[PDB]
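Here you get one chain, nothing else, as structure tokens; it is the form deposited without the named molecule.
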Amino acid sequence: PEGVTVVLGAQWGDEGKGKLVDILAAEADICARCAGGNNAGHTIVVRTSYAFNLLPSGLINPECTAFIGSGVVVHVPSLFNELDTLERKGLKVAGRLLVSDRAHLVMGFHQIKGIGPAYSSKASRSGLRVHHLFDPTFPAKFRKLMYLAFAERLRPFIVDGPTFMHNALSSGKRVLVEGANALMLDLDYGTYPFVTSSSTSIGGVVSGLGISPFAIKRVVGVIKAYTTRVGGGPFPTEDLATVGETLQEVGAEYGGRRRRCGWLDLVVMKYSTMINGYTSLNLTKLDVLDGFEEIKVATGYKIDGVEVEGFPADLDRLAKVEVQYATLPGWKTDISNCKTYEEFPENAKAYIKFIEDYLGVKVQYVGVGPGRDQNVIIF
């Protein structure tokens, strides 16, 4: 598919989008970050473990060019620390990495991790951008609150972002975008104030790459088969007993701190679908439910007996929600080695179909194990 394929986290993050991106990166010329900081650290294992944080994980495909868009905020020392770690693990990066000269810089005083403060300076228009590193007045306006050494290593990566991307699109490149974090952590549309400091959604891709909405061809939402959260604020399907602990342990849901775990929440997913306009879904970690006799799925919110439309901006109202559940029979079998849709147990299919039918969006990829190879492509 010529043009732009986008991969977005659909919930509150850690959905495990890495394997999909890796699958998709094999058919992509360019892999790009459009927004956010080095705040969505994640690892993928290949034949050897590769850590990606600021850099597009599509770099695992050797013929891919990686691109950092103008919407990103960049901590230069972390960038090179991350790059050097990858190359000293045998992955050639330097000849394939391009950085928009308009991306903003996370400074040392920003970490007094600094992503939020960097986006704050940006809004203030007192922030410094990548092109400032080659500006002879850089030291002066820095003092108004070593990089020069980094500027030299960075110099050959620098491009004019709008131009690079336009040329890519014009010459018919297939471009893959890796969304940072996830929808419910979006600055506008997430559980504010428990969100990140920038767009995590599809608009952030249009803004962050400076492209036409017309160039977006696919938007694949990554939906974990159950829900997790890291931060505070409400979490309607959270389980604080045995179910929560089983999800925690079987799903290896830790950063070292355990993640909050809960049933799948399709009220969240319906709102997420509304904002992002998913063309298909990646249902991940489905194997984590292999041992469950029964599986509940949130299908509705009520307050004082009346159906609640959409997702509430007010968190006290969100806290008062009474969750309506569907209960689905488990499959009680190891699906970790399924390789076609047809090998799925009947109740695993039913589970996928329930999600599809509820959301009106087809499920295209299914992650069924921790390994790179452990996926099912449905169409």
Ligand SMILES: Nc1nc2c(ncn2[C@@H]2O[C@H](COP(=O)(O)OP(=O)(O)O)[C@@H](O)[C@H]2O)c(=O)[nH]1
Second form
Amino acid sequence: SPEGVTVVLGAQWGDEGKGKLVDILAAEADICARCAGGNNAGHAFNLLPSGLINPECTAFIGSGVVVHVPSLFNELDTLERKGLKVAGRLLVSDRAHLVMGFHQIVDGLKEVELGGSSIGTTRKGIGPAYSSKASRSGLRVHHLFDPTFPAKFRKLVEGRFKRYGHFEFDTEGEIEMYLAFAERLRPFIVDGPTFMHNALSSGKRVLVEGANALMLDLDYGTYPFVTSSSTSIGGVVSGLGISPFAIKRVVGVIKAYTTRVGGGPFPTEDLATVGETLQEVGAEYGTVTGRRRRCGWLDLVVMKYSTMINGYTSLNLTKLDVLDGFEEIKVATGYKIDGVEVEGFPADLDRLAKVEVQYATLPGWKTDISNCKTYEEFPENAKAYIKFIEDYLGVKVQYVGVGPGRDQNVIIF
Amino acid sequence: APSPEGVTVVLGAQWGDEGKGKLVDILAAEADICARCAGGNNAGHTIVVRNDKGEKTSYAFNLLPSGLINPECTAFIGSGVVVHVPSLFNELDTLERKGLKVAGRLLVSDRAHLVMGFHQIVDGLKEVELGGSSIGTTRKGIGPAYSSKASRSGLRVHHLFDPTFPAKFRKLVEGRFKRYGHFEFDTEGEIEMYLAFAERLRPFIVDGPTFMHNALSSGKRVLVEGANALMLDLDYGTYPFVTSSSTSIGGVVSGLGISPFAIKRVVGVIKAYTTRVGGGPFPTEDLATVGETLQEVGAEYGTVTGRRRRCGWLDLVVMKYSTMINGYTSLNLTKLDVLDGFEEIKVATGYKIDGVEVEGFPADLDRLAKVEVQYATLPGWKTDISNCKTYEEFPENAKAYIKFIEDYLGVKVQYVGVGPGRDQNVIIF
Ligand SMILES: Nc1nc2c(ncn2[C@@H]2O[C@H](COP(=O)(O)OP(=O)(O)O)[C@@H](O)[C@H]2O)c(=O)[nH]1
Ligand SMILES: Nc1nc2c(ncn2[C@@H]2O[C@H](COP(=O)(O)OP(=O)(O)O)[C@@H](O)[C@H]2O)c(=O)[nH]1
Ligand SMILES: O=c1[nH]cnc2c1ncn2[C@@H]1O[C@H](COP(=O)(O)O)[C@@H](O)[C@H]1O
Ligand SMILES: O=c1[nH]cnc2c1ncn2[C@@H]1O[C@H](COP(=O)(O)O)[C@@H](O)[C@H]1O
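Target state, the form solved in complex with the named molecule; input state, the form deposited without the named molecule:
All chains and molecules follow, beginning with the one already shown.
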């Protein structure tokens, strides 16, 4: 690992296995950071950087993140209860924005207001928090120590009532609770820009855990079926307030098949037995919610676009073991509209809907690879699958996931 | 001096109005593509060109990249921008009537967001609603457009060709009516106007990611004209007295959808004294004769009622912070001539709160309000430098001012502005 920043980014529509790779690479990092997004889960980490199992790794929450403070401490207190010493190893930018209870409520209210046109958000208030941020009415970590916090909070609620009508919300109770958490948060708070600048100047190795994934990027994803932050490489630069020159590696986490959860287009979605098999074998459902994910074939048209935006220096191909039982595996290699090859990935979703997907069909290996520890142990047709992806995308696969465990990662170089 | 293949960025380093236009003009001569990556129509530049008959012509740019002044350049509006389409075409048509060809050389990302008439209206309504706590926005709808973008209700360039555009537009109006009450707005007339602009815009529309990727892979020189400035950055500026885009270097990466590895040069535009427009603290602000002198000699008035500029000494605590975030490869020191009449010049070198040295720049504005500013006092040069064309010509104490800034920030000054005229610059290296 070089001095400077190594980034782990999700390449598709999330749930690729970023947390797993971060836990692995954090063994070689001084600092593990979140740069954007809010609380969404990885395998017990949600808001906290997934590198904290390394006892000596420091966790940092950047200015680009939106933080639901009660959830942060529920997460922290649980980790500590399990025996992990986190409290002295966690720093939070005083410029991070605050997700409030009413953000979570109006997230759902808007989704209902949309009816059939709903996005399928996680209902965690992420969009409303980022919209308040853009408006500059949003509250930030430093406001927790500002005597005007209650007045500003009340006005925020009043504005949501105007927009969405009355809803039940204990405004004064929520204010009281947040200020109570402020006392617990105080020791974690830092000036983010100077913290990161000092780290980089000192020759530290910084590992950045991207949230969500590229096709959920507010600018470059399948808008409006996206999250409300930059999930892509620019979000690292902005979210941590660092120079682009500090970025040394950008690892793209690419699942061996495609998933998305929530609404929007999905060109290689399978609505029959393949999709069901990927869902079951790949355990593609929410850990607490049971929220089942849409599944389909690997889509390298998506990956070509993803690579164009993020500029991956290498790939982590994940969940390859989920395909161990397949006789044949399809991989999307092109989109056509009206018999004509499509350039790049379309911004217009009605154009995307006209796409006829072109597939390669590759033979399966029909072998359990979950105990493979080196590239040479892979079955020939698994090797072929890896090479097919590399050759198509022009980026080498550096890491292969063959099971959920920390140990089930094959390092190729 | 040749520009490198890849991306050169011009960024404002303070609170705007530094004087970015002249450097963009200088660097556009060595650019293939000139791009806007974020922000809206607050990048007003006028470039005055002398022709082969010795006559001067003034060309005005705002949404359009100023590098169009180079007739061989292509202009690009990135995905991260918010576009008021009526303004865009007013700007374009004004230039073409003056003989500057724009159509055919202008490309617009189909993922850029649209600033609508109702965004401008509610910008104002919110500002009124805030009373004494107003931000001092330019009332151009920029915040409301970025808020709608974050909500994912906002409309993008591709929607102009979408059969559901009228229905979606109506729903957006309806939402603003719920939040702010009914204001006068000709919804159906506006829809019609936008469908008309859509046909004018059709030839310009491009897939932004592909356009830029192909440009970079074919070795093009891309100049990015940053809008606003670092201390107006949504994340890193004096929030809430900031704009609603990333004005910092990350907004280039996001706004153009490129790899950070494509960034080659990042020039920070640092005015020789500090100005602010809008509320909140201003550590080096002068409310007496120095501030009045800076305002008059620097012509720091702006073009809109209520936006006359607050003026103060150069603040290098601000500039250290700005440099940390943006990673400048060199600096453009502007309006150095505005100090030509000063006997002594103060420069902020440190902040203290409660006797202790603040490190970096404080996120909390109540802490910022408490800062005790430490100043260096430098001797003036008391000579007119506005006809200087080479570094050697500078008076010793102007040289000393430059060097003081360099040594403090650890970044060299490459370009010095010594007047408003197109060629009133000194290139040091
Ligand atoms: N079978 C299998 N499961 C994996 C693998 N990698 C990760 N997982 C699991 O797949 C799911 C997605 O991983 P996670 O780290 O939470 O994704 P993230 O949101 O991108 O951080 C989790 O349930 C993981 O335990 C793999 O290589 N094989
Ligand atoms: N006296 C003086 N005026 C300058 C100088 N550089 C730029 N200006 C003027 O400052 C004003 C703001 O410049 P502009 O390029 O529009 O600034 P921007 O807001 O940073 O993009 C313009 O009227 C310039 O002509 C300089 O070096 N000296
Ligand atoms: O961690 C994640 N995994 C998978 N999808 C996500 C995740 N976070 C957000 N999304 C999706 O992003 C879109 C917006 O959700 P939001 O981020 O809750 O506003 C929806 O399609 C979500 O399902
Ligand atoms: O170009 C600029 N020069 C100086 N201040 C600006 C500029 N653009 C935005 N601002 C300031 O940024 C804040 C937000 O304005 P907005 O970008 O119109 O929303 C206000 O304090 C403005 O005065």
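Basically, rigid core = biggest C-alpha set you can superpose within 1.5 Å across the two forms. Positions refer to the first chain, counted from 1.
Undergrad: For residue 125, give the CA shift between the two forms in Å, the superposition being done on the rigid core.
TA: Residue shift at the C-alpha: 0.7 Å.
Undergrad: After lining up the core, report the Cα displacement of residue 241 between the two forms in Å, one decimal place.
TA: Residue 241 C-alpha displacement between the two forms, core-aligned: 1.0 Å.
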